[PDB]
Amino acid sequence: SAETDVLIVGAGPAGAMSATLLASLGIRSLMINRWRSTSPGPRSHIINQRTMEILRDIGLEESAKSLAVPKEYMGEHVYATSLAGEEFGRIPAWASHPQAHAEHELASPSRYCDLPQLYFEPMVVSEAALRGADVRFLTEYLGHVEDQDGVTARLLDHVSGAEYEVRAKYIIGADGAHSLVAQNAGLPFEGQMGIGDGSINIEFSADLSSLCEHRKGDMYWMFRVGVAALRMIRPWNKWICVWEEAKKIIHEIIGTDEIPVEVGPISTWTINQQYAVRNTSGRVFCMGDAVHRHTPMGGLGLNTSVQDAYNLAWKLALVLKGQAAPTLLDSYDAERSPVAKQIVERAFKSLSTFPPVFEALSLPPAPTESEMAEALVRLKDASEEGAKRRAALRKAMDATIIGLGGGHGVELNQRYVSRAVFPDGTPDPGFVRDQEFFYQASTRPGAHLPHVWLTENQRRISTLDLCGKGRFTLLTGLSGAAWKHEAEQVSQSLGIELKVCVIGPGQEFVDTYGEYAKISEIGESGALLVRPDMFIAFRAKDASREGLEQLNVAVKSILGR
Amino acid sequence: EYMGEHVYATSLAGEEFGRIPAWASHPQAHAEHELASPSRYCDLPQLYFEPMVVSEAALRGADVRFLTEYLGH
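Chains as they are written, first to last, in PDB author numbering: chain A, 4 to 200, 202 to 228, 236 to 254, 268 to 585; chain C, 75 to 147.
Keep in mind the hints are simulated off the structure, nothing from the lab. Among the hints, a few may not be true.
DMTMM-like, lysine to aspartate or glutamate: derived pairs with alpha carbons at most 20 Å apart [what the hints assert, rightly or not]: (1) A:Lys580 - A:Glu570; (2) A:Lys74 - C:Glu108; (3) A:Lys542 - C:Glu108.
Some residues of chain C that are not near chain A, with every Cβ distance over 10 Å (derived) [said to hold, decoys possible]: (4) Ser85; (5) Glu90; (6) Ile94; (7) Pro101; (8) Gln102; (9) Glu108; (10) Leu109; (11) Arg114; (12) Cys116; (13) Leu121; (14) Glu130; (15) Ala131; (16) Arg139; (17) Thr142; (18) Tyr144.
We put the beta carbon where it would ideally sit given N, CA and C, even for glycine.
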């Protein structure tokens with residue numbers, strides 16, 4: 004037997020991130036995993052800005068960037084007959100279009116990058132152990148029982164052979180899409196797990213720089236199942252094909281014998297659309313693929329899983345230290361379960377964007393080499409019928425971009441509503457523009473803190489860099505110095521750290537560009553209370569005494585006290 | 075990329091009043107810039123520009139004579 008604060012079952016990106024963050028806040032975690040190592044298989048690889056921000060908070064951003072492929076190599080999505088064959092056309096994927104890129108730059112100090120979960124996982128697992136988590140692989144969760152004071156789980160050790168018990172105050176179910184932890188907690192799911200009659205993933209190696217370096221992209225999709240994908244793992248060199269020496273399916277996809285090819289492992293994917301309606305069940309919290317299982321369309325899986333962990337850790341830390349009532353843990357479900365449903369529905373809906381491509385070419389699904397060849401030559405036709413076909417195809421191709429980088433709103437427009445956000449008595453604004461395609465910065469409580477550039481010592485710093493570090497932060501201008509004193513009083517009163525930044529001309533942080541003035545929807549003396557997880561929980565118009573009194577209440581409320 | 079930060083200050087070594095994003099350095103201005111043309115802003119003193127073009131003109135076939143004054147026609 005053994006005792007610890009949190010038991011994390013699973014060392015995929017959510018469990019690992021959980022361990023790191025809890026270890027960074029002084030909380031004892033034991034993280035476990037049935038397998039001998041981190042995921043070898045072909046899995047996620049698009050890392051969006053929200054996940055990069057979180058690494059930037061933890062100080063792992065420069066490491067990930069070192070191993071990741073940059074945005075600049077991800078831009079050209081090509082649709083073709085084969086890699087060596089003729090292109091139907093290209094879309095500007097992963098915000099490579101100048102305007103998409105501007106909306107990207109403004110939204111965050113971080114950027115897209117491609118980094119196979121294969122590297123991401125061990126990076127984070129090793130940091131978690133370095134920061135203080137205990138990490139044990141080849142250990143299987145067999146089950147647990149709860150009571151009023153905590154939980155007791157039974158583990159099976161695949162090295163020693165022994166079974167032992169672990170006592171803990173909480174359990175995080177971050178096993179994968181077949182989570183046994185979710186099964187025991189009794190969580191309800193909506194949706195199915197194999198939708199129709202899936203995909204085969206052939207990993208392989210081959211120098212394709214002559215076919216790719218003049219048109220750098222993350223993926224190359226072939227219409228030939237109707238569709239097959241060719242995704243880059245390491246620039247122009249290591250690869251998967253998606254669809268034993270029958271894997272010269274590959275040669276068909278590249279479209280040539282000439283390039284030598286070493287075949288790696290092959291595996292299978294199915295089509296899922298299933299999420300948990302509720303992610304918590306007294307003392308058990310479930311996290312990544314365990315509560316949202318979905319197709320790969322849009323990069324959303326890994327990124328959502330890391331953000332699930334970022335939302336929970338700080339709350340668990342506060343509760344375990346008696347700085348907050350257990351009530352605070354309910355906001356995990358309130359804030360996070362919607363995002364799970366959203367992600368699953370979005371990924372599945374992104375598969376509808378493909379059939380219309382075949383409709384534009386007048387093709388049945390799963391067409392035959394002749395029919396395909398007819399469609400290609402119609403496309404080249406110097407008639408008005410051929411012009412219509414061309415345009416139809418363009419309209420069809422463009423629409424696929426939602427699954428391939430265009431869904432910036434889905435990525436960033438979280439709006440929490442829970443006990444952990446204190447409403448300011450502003451009317452809800454909606455979105456001016458489409459909320460799936462476009463991010464809208466908001467400073468209203470429940471929104472994520474916008475990014476703008478300030479300066480510290482004439483050097484650019486992000487507004488977000490004032491704000492993480494496992495602590496609440498309060499932001500203001502010079503007219504708002506009163507918040508400094510009011511904040512101290514509240515930290516003294518309730519037992520919590522509360523950094524205060526007074527932004528302006530004299531100060532440490534100044535807004536040399538006026539972006540802070542412009543972006544906040546609030547006068548200089550107003551203030552934003554930012555959570556550890558970077559979400560605004562409280563906003564005040566000004567520093568009047570009515571505004572100042574509220575702070576102490578907002579805080580006691582947020583923490584359940 | 076070296077043209078972006080226009081700073082207003084008391085002196086170079088003194089305190090800044092603030093900065094504006096000059097020469098389309100603001101992300102949105104830069105986007106409108108990229109879409110407009112395949113070319114980009116750059117700083118190149120007329121001091122270098124002139125002789126570059128005078129020499130090309132002569133290379134391509136123009137006759138070029140300095141220290142010669144137009145008096146009238």
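Consistency of the hints with the structure:
1. A:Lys580 - A:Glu570: holds, 17 Å
2. A:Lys74 - C:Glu108: holds, 17 Å
3. A:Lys542 - C:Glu108: At roughly 25 Å apart (the allowed maximum being 20 Å), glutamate 108 (chain C) and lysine 542 (chain A) break the hint.
4. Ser85: Check passes; 14 Å lies beyond 10 Å.
5. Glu90: At about 6 Å from chain A, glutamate 90 (chain C) fails to clear the 10 Å cut-off, so the statement is violated.
6. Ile94: violated, 7 Å
7. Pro101: violated, 4 Å
8. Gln102: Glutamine 102 (chain C) is in fact no farther than 10 Å from some Cβ atom of chain A, at 5 Å.
9. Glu108: Violated, because the least Cβ-Cβ distance between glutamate 108 (chain C) and chain A comes to about 4 Å, which does not exceed 10 Å.
10. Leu109: For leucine 109 (chain C), whose nearest Cβ neighbour in chain A is about 5 Å away, the distance does not exceed 10 Å, so it is violated.
11. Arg114: Per Cβ check, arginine 114 (chain C) is outside 10 Å of chain A; nearest 12 Å; holds.
12. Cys116: With a cut-off of 10 Å, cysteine 116 (chain C) remains clear of chain A, as the shortest Cβ separation is near 18 Å.
13. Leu121: holds, 30 Å
14. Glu130: holds, 30 Å
15. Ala131: The claim stands: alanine 131 (chain C) keeps its Cβ more than 10 Å from every Cβ of chain A (closest is about 35 Å).
16. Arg139: holds, 46 Å
17. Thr142: Check passes; 48 Å lies beyond 10 Å.
18. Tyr144: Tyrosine 144 (chain C) clear of chain A: closest Cβ-Cβ about 47 Å, beyond 10 Å.
Comparing the model with each numbered hint stated earlier shows that hints 3, 5, 6, 7, 8, 9 and 10 do not hold.
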